[PDB]
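Incomplete set of chains, arranged as in the complex.
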Amino acid sequence: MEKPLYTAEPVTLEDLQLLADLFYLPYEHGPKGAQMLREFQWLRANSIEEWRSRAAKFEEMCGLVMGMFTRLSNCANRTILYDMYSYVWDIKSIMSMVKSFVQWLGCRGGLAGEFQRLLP
Amino acid sequence: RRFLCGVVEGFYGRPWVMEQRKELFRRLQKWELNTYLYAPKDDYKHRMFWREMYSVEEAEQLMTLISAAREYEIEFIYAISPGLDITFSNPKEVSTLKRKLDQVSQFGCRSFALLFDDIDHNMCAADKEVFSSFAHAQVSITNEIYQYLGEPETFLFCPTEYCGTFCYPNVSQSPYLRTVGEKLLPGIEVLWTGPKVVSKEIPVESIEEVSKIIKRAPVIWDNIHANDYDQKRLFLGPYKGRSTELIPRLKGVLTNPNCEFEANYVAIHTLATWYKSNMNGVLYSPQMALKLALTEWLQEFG
């Protein structure tokens, strides 16, 4: 058996729909992202069998944010990706930490990041 | 009826390039939008160094650009923001402003805009002597340029008090807006940003209040998708907060979008879906419009 060739899976409509909700409006969050913040707050607030299943689908929800980047990172037209890489790379990373945090709950940003961490 | 619907490239930061601007027109044409207002806050020869005449190559590019706007059935509006260091009473200044726009007319541009947004509410000792209030001085030179240019069909004017917040005592009682509405020629259009700079919502009564004092339907400068104020924030959401019931009460909607050009697809597409829905004065769903935009976009990725 030889090594499977690297293949690019294309950006789906769901990928885009996820992205749109991740970076929505000034005075709003996209439902798909607003839900993802709801679920992470609740999952953090617990220690039933429900948590084990909700924390699972949240890790799937996280891998979706991660996969969305991979597929955007692999498409023929780079121009789209590069004009957003800053914003999309970061969400992918925080989401990657948030996935791992929840895995362990079952068993940065520079100086400006730090000052924004002190105000309420 | 005439309605100016399109994009205003009026953000702070690295301005777009000819090939992006060209693709913007293709997109604008495809989505049945008509206008395009050139307002890049950076372009030295627009805000700070406005007086400066364009270079030989700069000229050729702008020409090629204005020509591409026509090819793509797009209304090209050229804006100039003197406001900073301009002396409203020195006729040399007024003449230099006149000379600047003459050069623009040479390139093929027919539609202009005099912008007075984001400037100190104070006139110098010379202008203080010559003109009554700060609105009087702006109106004087705006009308003079509107007339010097042979009263164009499309002539936009952005006031300094361009939103609700910025009005003192308030929109219905501001003596600045009063002078603008009264002494500004009805031919000259007025830019508005709604009740705030980045309006969350633009209620019909809010437009009715300003239309009343500016004594005309306003052209909305929409900062809803503007992102210059936080290069850490992207806006891939839909054109929400503006009722379709606004359309017969406005002369147009020019959306100031994200600095990042490629990120504006959804914001422009959804604006078009919004406008088209009720041109003829729940027809629009932001959540719905968004799926259309996202569907169409998905094709450009490949």
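Going by the order they are written in, the chains are A and B; count residues from 1 in each one.
Everything that follows uses one rule, which is that contacts are C-beta pairs under 8 Å (C-beta built on N, C-alpha and C of every residue); 3 or more make two chains touch, one makes a residue touch a chain.
The stoichiometry of the whole complex, written in the labels shown, is A x2, B x2.
Following the convention adopted for this analysis, only the chains that are shown with their structure count from here on.
The geometric centre of chain A is 36 Å away from that of chain B, both derived from CA atoms.
Here chain B touches chain A in the complex through residues 198, 200, 224, 231-238, 240-241, 260-263, 266, 290-291, 294-295, 297-298, 300-302, going by the rule given at the top.
Taken together, the chain A residues at the contact with chain B in this complex read 10-13, 16-17, 19-20, 22-28, 30, 72, 75-77, 79-80, 83-84, 86-87.
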